[PDB]
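S.K.: Okay, here's what each chain looks like letter by letter:
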Amino acid sequence: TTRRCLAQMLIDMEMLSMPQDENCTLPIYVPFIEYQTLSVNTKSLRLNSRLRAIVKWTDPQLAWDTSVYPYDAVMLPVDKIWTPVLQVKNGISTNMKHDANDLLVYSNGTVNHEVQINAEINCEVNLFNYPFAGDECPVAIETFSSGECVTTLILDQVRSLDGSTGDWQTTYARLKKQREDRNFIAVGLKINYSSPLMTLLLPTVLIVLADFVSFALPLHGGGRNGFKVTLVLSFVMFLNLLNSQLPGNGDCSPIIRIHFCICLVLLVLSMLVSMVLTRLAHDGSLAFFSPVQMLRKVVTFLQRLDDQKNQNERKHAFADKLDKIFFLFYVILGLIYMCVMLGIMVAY
Amino acid sequence: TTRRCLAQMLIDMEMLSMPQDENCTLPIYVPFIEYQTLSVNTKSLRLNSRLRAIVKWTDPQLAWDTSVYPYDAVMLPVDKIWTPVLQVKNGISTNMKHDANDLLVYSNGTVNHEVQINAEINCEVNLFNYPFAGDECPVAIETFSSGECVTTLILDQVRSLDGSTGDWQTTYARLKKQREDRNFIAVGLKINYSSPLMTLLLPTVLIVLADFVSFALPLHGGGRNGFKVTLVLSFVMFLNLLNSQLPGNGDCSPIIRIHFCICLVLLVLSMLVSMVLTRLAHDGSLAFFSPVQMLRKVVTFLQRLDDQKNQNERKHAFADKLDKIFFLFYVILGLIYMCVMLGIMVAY
Amino acid sequence: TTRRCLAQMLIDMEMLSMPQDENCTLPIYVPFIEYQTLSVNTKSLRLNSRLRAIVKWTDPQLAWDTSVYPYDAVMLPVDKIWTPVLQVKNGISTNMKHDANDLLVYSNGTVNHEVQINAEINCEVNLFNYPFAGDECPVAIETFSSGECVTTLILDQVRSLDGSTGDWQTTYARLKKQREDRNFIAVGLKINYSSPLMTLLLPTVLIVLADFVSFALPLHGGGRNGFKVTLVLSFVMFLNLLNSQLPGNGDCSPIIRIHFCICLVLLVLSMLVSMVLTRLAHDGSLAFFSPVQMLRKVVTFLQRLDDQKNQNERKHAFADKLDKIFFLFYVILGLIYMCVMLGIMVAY
Amino acid sequence: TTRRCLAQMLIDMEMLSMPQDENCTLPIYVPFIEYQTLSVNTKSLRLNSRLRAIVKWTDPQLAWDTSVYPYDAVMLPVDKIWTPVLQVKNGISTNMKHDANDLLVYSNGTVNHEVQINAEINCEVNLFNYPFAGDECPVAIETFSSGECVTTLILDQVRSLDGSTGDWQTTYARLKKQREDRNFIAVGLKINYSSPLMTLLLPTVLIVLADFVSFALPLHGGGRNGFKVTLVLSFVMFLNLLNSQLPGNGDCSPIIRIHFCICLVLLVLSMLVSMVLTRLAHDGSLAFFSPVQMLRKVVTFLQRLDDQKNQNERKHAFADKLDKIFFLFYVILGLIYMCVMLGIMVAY
Amino acid sequence: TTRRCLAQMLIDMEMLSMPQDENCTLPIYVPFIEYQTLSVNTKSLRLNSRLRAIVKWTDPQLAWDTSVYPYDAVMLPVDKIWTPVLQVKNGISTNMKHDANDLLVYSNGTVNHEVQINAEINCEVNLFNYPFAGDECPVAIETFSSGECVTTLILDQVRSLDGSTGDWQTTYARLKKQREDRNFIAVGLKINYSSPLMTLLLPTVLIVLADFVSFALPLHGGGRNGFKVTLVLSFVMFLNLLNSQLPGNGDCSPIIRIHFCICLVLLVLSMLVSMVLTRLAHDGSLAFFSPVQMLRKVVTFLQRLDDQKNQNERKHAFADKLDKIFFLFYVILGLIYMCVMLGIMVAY
Ligand SMILES: *[C@@H]1O[C@H](CO)[C@@H](O)[C@H](O)[C@H]1NC(C)=O
Ligand SMILES: *[C@@H]1O[C@H](CO)[C@@H](O)[C@H](O)[C@H]1NC(C)=O
Ligand SMILES: *[C@@H]1O[C@H](CO)[C@@H](O)[C@H](O)[C@H]1NC(C)=O
Ligand SMILES: *[C@@H]1O[C@H](CO)[C@@H](O)[C@H](O)[C@H]1NC(C)=O
Ligand SMILES: *[C@@H]1O[C@H](CO)[C@@H](O)[C@H](O)[C@H]1NC(C)=O
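Chains as they are written, first to last, in PDB author numbering: chain C, 25 to 315, 350 to 406; chain B, 25 to 315, 350 to 406; chain D, 25 to 315, 350 to 406; chain A, 25 to 315, 350 to 406; chain E, 25 to 315, 350 to 406.
Same shape as in the complex, but just chain C:
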């Protein structure tokens, strides 16, 4: 007659099989399932999610008579009776664990029990515009159903612990329905571009601008070839660091990688042209690559020195003319390309 006695008798019943008597169709209600994001990986595009759900089903064999047992509820260990397992079929490595060791059972057979599902979903995201990206990820929630025996799952509400999970920010988690009456959660993922814009795009933009203005350095004065090779080996490091953390899979791959490649090529070409111009200024032609008498001798020497200085000036001015032409052309194309690349990366 004790409530503990009722619990013990229910344990001794050993009902470790599901209530499949009614045509092997068990309606399982899961109201108020709470979703949370634990991490997001950008290189692998994999989402770690935690879903705390409240399963509520019916077990007719676990229903006593109220007259003999004057109680309305009883708490039993989870492993001493049957309990459904909830799966994330869409993702890999799904694991369901029990929040508590005890579950409540009412006098009419209703069973309430809270569970936690940790899942890893191979999310597909349109990462073409890094970092200005964001997309919707489906997460399937399913319970076992094979052939004739099918246990429908009825879901009511979803609550999301929305908040940044690192670089990525989870915006919403809504409940939608699939084609074959499959319930799933649509999770909206977005990228906070405040970090990538400052750490990646801004330094490269300033570096390209510095290269554009680097043509002010005179060829003869020096401090120009080293200045540009420093930029080149810095942009190579940038390319390596960018490649270390973005997926170069296939169609709609991130376009920042191609932009870095093109900027590196442009910088290398500019440095090459600068070095060739330096040689032209120094030598005067690009042939390196291709295979009272005492009072008179003094004015002869003086005019010889003057003529030498004049030739030095002329050969230092011709290369300056060529450098000016190339600088105008290069700066125009570089600015137009940078504007086009930004317009593509933000609105395409």
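Read the hints as simulated data drawn from the structure, not as lab findings.
Take the hints with a grain of salt, since some may be wrong.
Same chains, same label: a pair holds when it works inside one copy or across any pair of copies.
[Claimed, not checked] The list that follows gives simulated cross-link-like pairs (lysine-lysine, DSS-like), each with its CA atoms no further than 25 Å apart:
| no. | residue 1 | residue 2 |
| --- | --- | --- |
| 1 | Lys201 | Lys214 |
| 2 | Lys104 | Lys67 |
| 3 | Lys67 | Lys214 |
| 4 | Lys379 | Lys67 |
Add chains B, D, A and E with the ligands to chain C, keeping to what the hints say.
M.R.: Using the frame of chain C, we list chains B, D, A and E with the ligands on its own:
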């Protein structure tokens, strides 16, 4: 009749259900719960904590008669009877582990048993003033309670193994109460700024000072543009290192990131101005960007050389005047900005 | 008479041994096995795979009479009866995991049950042409069979969730057969060379081309020896980065490592000869390594100055001639070597 | 009458409670416990240890009669009887694991069984003098004891597998007793200073010596400010590397961090002074920061050039003298500081 | 009479104790044990191994009568009877895993069953000659044996899956015997020096050669001190990277560390002497460290300029002589040291 026989009888009773006889309300006492911090993550803002608690509850069915059994205590395996599970509902990934395989039971039904809860809590900390930051983190301690059946938790004292856990230092762990009679522990986390200030803030401040002094280098003499390009590509590396370990989530994001961005922009602007001044000094105008007779001829040559030297001096002096004006302007704005930025980062 | 009663009776049968009555030969059918790649490691050449299979076998003892029990199916817990374990013998660390806690059993003894095998396979791949590489990996699927008792496994179809797993791309998963009637899955792995070509090959090619054009810098003008030492010390970093992520095992090791080594050696040789040429130009020979009168005196001084300048010019032109000869030789040899190495790395 | 029959009957007795008949006091003997260190973490100051112990206790219920059963020993599974669990109360994450599945039981009740305890101990070591450091770490060995029931643990001998565990070297492991009759193991940890010395201290000392010598570089000749900026940025990198792997907790924090900070400050000050001196030499004053006639005119020009050359020589010599005075003072201070810091780091 | 009925009766026998009837001495035969290496760590010198063994023992109680049961073999679950646990006593963290959930038992009591042992062995390797190193590692295979009860292990053959495991290459795995009749496996580990020689030794060799040839750069011309300081801060990075992956334990520590230290010291000394020679050339003495009239005056100025240029030439030649003497010393000493160190690192 032996104590081992009594223990075996209690094992054979198989009371694996909760002592829910008295209206399904079991008061669980947890006096002297010890808290310790294992790690703190600054980027993800996640706290790993270990709580060693001493649960002490009542099991009426596990109470023998003292006259037949002349003993006052008996130790039984934890898995052979019922035991409550303690949870950290506020945080993710909570696991409760049995410290020992045995528990003590008195003759009046009281059961003493110690447990260890390892939990990971998504801590919310105001990280605006990195590294001068510190805040209070709630850690909930809860046990299962559903519907009619509730088992209240009564907590008495908290002891903290206070000590640095890396960059972060745990200051205190007090016991407070929530709204709906929920017991929780408030943990005070603080940042030891001795490490971040030396490794991060001091080198950047000294580099900025070196940039402010860098204008002393003569434009014609060289060694100025490469000197600043080294600083710029070092500050880019500093920005990357800062972005690697700080959360750029949203409002009240760390201000050191914006400070590094602004310092980098100022350095790049100083470089551009210096390079333009170098071109102006070399060429004389910013048009590169914009599209007895023997005894007399020697005097002509000498005065021509003297005039050329005078022109060289004048073009090297005009750029010096412009550089001085820009240096005064830039140094005043830089000092005022650095003072304002430190004032913001310290007391805002 | 209840279906739950039938399930309980089958549970109480306790049939935890395999149906080996028929000559200890159990045919196990596994139709529609789905293969997916989780990760591929290039340095260790290890493949992580997940195989979701649908096992379907026969258990004669688990077959009831339809007249007494008017049902066609029943779902029982997986651990209450015997279930085969599927292994990946070819690879290491194979683990079979239960998809659900229930399995369906028909009235004639047929049992349907889904399993998930996670395996890690030591894959052998011809990585000579990094990154233009691709190969077929065998994955064995087997069940326990010792001596007289054998359980043949009959497979029907394989479905692959083809898609990039990082750097590597899985193309197909077909079903083939081994010699001794062993069923296995051939998985086609390919490398997306878009990432390695941009991050590794292109910067090195551009750096090498820059080294070839660096000979334009005059010996006296400076900015040349440092320009080359930066390239050499950057190529050392490239060699380290390349070594950090590629298996240098033995025969048919990646040839990009040898190519990087040879390019570094060539750059070092070019720098050495350039520095020797600089010394020759400065000193005039490679011996450092080897152990009216007033109106006339001015003419003498002017002639001495002119002769000194003439000697400087001649000693600066001889080294220019030597540098031109070496530049022609070096450029021709380096271009032919680069073309040959690319031809080897692409189509050999 | 079979030994296997005796083992089966002992198993069937189901003695899963501890031998608490004798006043609930069980003397547990653990002779010849072997200690080994698996790893030491310098940043977190956490010790990973493995202890292979040989527990030997008494179980009166597991004692048969020799006349009926003519045997002296029997081996039983560990899980079929009671076995004590050994804990490391001082440290976190203590786990006890059975070395074998079987244990030996004698005819008089004595039970021999070997166990392995893996523990993580939060070690407190005086790391002020990195790397010349070393200290004694206590490791508690304890078994469950609550209230009236206590089971004392009697230890005899400790043997340690001495050998370097990375940077740290374990020297000894002795057995001592605490205040409240608690047995513990004192482990002597020491740092092999050869690796940290050669990788951190010697390069920094050599860099500081190079900085002290760098004053020989002439102000006008160039190649000086780039040298010092390379030194300073390399020292900042060293500061970052040092901060990445040393605990900056509080009092008696490693003093190498302060030494690196002070040396960096000194280098920056030397750079600033050198740049200001260079400007003074170039300009002549620190005001940039503060807001027959033909035969005669040639003599005028020549004396003007001579005067200008003399002024250039004087303004170079004044800066040379100032640089000499600063060099003397700076080198004296630097040598005295380096010697004092070495003395503090080695013998304080 | 059914084979399944025979298996069920064997399961119901519940023989979970070792077959210890015959003097508690059980001969366990393990023929054809296969060894494989999973990973080798160079810094910690720890070997990860997988051993797939085929245990074959005798269980007299698990033997039926052939006349009543006309069968020769039967398959039983591994957990329903006794099974030995194979251990790796020499190494840490040994785990034995069941290859299958079933085992075969013959009519005469013989039991065949394969197991998998994963072990981690603290290997002792003579790493003095890195990378030209290689040594033999013992791996113990043992079963539980305490006091009177001893289970001998009889091993027949070992087959090894030879193949590179990263940097390390496993050559052989033979079976030997210890002193006290203990069976163990000797595994031959060797280092593929193709990777370390290319990534570590060769770049340092060319860097050293570049330092030796760097003396060609003239003192006055510049581009020398920066060239050497770049090499010095590159060699410091090499020292750090080498220290990151090699064990500096004690006697017979790798000599490449000492070699890198000595090369760095030599480079620093060469840089220091070059920087001193620069000042000697510029100033003329090492005292910085130590505390018709018109037609005639023009001749006076001209001869003064000539004398000044003559003094410049003489002071630029004396330092050249000193530099030549030092270079003749230094190149010979360094070449002899490099040859001696290579001879030591190869054949000592
Ligand atoms: C069982 O009783 C509970 C308690 O009110 C109620 O919520 C539930 O709907 C009932 N279920 C059925 C099938 O009557
Ligand atoms: C049971 O006895 C213990 C031992 O003194 C005591 O601490 C506890 O308060 C008692 N509980 C009750 C309900 O009497
Ligand atoms: C058992 O019945 C199922 C259901 O139709 C069928 O698919 C299967 O082939 C049958 N097996 C045998 C052996 O009759
Ligand atoms: C039991 O016998 C063993 C075997 O000699 C002995 O070592 C041990 O001391 C004995 N213990 C007692 C309590 O007699
Ligand atoms: C048992 O029979 C098997 C099968 O031939 C044989 O290999 C084994 O040696 C036999 N063992 C004994 C003890 O007879």
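S.K.: Since the copies are identical, ignore which copy is meant and state whether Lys201 and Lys214 lie within 25 Å (CA to CA) inside a copy, between copies, both or neither.
M.R.: Within one copy, since 22 Å is at most 25 Å while 36 Å is not.
S.K.: Please work out whether the CA atoms of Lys379 and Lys67 approach to 25 Å or closer within one copy, between two copies, in both situations, or in neither?
M.R.: The answer is neither: 48 Å in one copy and 52 Å across copies each exceed 25 Å.
S.K.: Regarding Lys104 and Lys67, is the shortest C-alpha distance of 25 Å or less found within a copy, between copies, in both, or in neither?
M.R.: Neither: 44 Å inside a chain and 43 Å across chains, both beyond 25 Å.
S.K.: Between copies, within a copy, both or neither: which fits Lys67 and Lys214 at Cα up to 25 Å?
M.R.: both (15 Å within a copy, 18 Å between copies)
In this structure, the hints that do not hold are numbers 2 and 4, in rising order.
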